[PDB]
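Just the one chain here, laid out as structure tokens, in the form deposited in one PDB entry.
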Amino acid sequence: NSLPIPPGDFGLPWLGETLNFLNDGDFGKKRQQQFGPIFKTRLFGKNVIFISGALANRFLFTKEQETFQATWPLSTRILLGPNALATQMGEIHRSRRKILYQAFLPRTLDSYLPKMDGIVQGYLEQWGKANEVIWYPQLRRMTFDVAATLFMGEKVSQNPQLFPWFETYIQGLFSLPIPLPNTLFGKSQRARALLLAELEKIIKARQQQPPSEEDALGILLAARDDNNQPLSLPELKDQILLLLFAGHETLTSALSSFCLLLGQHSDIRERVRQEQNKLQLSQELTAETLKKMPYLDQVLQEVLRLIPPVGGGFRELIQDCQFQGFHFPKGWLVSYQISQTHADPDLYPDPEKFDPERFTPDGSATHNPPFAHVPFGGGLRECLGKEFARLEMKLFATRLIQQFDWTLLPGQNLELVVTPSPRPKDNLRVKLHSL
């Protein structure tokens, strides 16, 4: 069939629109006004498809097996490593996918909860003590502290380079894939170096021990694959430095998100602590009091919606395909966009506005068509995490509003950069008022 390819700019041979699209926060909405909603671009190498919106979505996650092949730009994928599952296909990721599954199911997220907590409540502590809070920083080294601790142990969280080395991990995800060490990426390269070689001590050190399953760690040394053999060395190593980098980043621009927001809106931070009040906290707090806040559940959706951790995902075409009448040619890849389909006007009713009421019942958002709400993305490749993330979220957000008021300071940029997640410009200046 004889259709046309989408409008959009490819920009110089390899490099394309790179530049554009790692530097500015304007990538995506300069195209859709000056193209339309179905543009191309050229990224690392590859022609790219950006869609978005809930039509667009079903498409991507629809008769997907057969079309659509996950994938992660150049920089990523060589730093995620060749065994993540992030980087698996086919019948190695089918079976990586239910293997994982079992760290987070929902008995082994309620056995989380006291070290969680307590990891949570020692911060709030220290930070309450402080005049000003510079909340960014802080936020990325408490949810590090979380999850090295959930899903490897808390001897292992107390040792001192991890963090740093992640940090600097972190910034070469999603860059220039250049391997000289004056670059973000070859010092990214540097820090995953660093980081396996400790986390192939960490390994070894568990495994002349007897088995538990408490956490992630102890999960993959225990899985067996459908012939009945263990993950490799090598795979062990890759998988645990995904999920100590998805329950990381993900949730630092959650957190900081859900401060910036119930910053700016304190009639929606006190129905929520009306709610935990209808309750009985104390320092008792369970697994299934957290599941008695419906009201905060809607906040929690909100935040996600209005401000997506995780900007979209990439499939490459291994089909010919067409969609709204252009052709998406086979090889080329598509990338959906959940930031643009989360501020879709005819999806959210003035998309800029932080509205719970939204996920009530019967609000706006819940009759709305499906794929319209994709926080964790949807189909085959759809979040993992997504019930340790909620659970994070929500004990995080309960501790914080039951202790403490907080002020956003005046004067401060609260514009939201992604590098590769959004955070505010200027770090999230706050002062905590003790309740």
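Positions refer to the first chain, counted from 1. Think of the rigid core as the biggest set of C-alphas that the two forms share within 1.5 Å after superposition. First, how it differs from the form deposited in another entry.
- In a core superposition between the two forms, the Cα of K40 is the only one among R381, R399, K40, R390 shifting by 2 Å or more.
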Contents of the next structure:
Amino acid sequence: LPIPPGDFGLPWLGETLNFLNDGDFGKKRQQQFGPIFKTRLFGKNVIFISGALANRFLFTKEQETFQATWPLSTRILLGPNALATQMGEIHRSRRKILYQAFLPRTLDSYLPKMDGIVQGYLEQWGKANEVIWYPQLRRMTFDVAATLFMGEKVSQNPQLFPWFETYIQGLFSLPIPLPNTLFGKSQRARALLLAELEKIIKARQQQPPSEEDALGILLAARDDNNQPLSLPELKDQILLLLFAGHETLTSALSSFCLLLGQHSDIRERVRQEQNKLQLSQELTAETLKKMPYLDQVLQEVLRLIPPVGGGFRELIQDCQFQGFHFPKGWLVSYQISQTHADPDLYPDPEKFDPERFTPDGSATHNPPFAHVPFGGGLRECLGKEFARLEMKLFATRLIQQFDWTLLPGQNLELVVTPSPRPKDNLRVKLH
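Since the one above is the form deposited in one PDB entry, can you give the form deposited in another entry too?
Nothing else is written out below except the one chain.
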């Protein structure tokens, strides 16, 4: 019956400029208007919800109620043929296709190359008397990603990271189409990446077909009419995998490096765990599955510092939640970082405690959708198990060979956009 409280502000524009400029935008309007507040963003009316009951609603009867929604600049720079921007039955089809790159045994098989790249970066970081971490994790993740998705020779194309960086920086920028803008820069970085992605694909097309990585899996894939994915699609899809893992996983690793830096007890607890095993050079996918305490740590890392703040959906049906009215063609924004800061769901919600996830912990006795670092439902992270594998293999190889000290004085407060990151971007020494 009734619509949520809150200011629509100006016609079309709404509170768009406040959204774009104001850090505690959602906090100010949650406090005035309570837990469910309306607003207006870029010509759409928008409801902000949060916490377990709102998540269940979003991830419930999902198909007929909610569809993905992106800003104009993002639609354009991602393109019309990416998982993120595809809809209904095409999204249903492409999600099954791409999950082939992420099966538990395709994941296992990624461990060598992945291990070599983490081992590689680990030497280089040791010999430095200081390491500025955030930008260095960025390069390492991109290297794992581009190696596992397209082959080692593709990742030693040195034009790729700089272009990709410039591509990302303008994904959520204003769509102002002059060459000297974040968006015009992204546009040109996109064209450069696409022309490179083509060469890589056409060259792989010319070889004995294999389904050992993501690019081969994509080539062998068939749509619902039994047709190969077209060439623009292959390209968008690979860019999407790159975009979707980049900031997120970099943020996750930074946060772990941060939190076990400032918590040497938990790091020794994680070290103890790996000593009770047979700590040889070799590291199996199976030995990694014998690490329940590190699993807790990574659970906790992701709840305290969630890499994806939240998300948006658009109502395709008039519907209702908590008695409030949620009208067709308005938008809904859910709030991962809010859910993860809620005091009921997490007591002392600002302390780092891996015990919350022990068999009878605080977070074990919580209702569905209380821990949502990967979202949920139809759009839940397609790369969460890949993400979990790299977080874990890294955490292991780090702790195995290194203690580490942050440096005093540095501002390690977090910038929330686009992904949480210490302001001095985490400077460090390895022991």
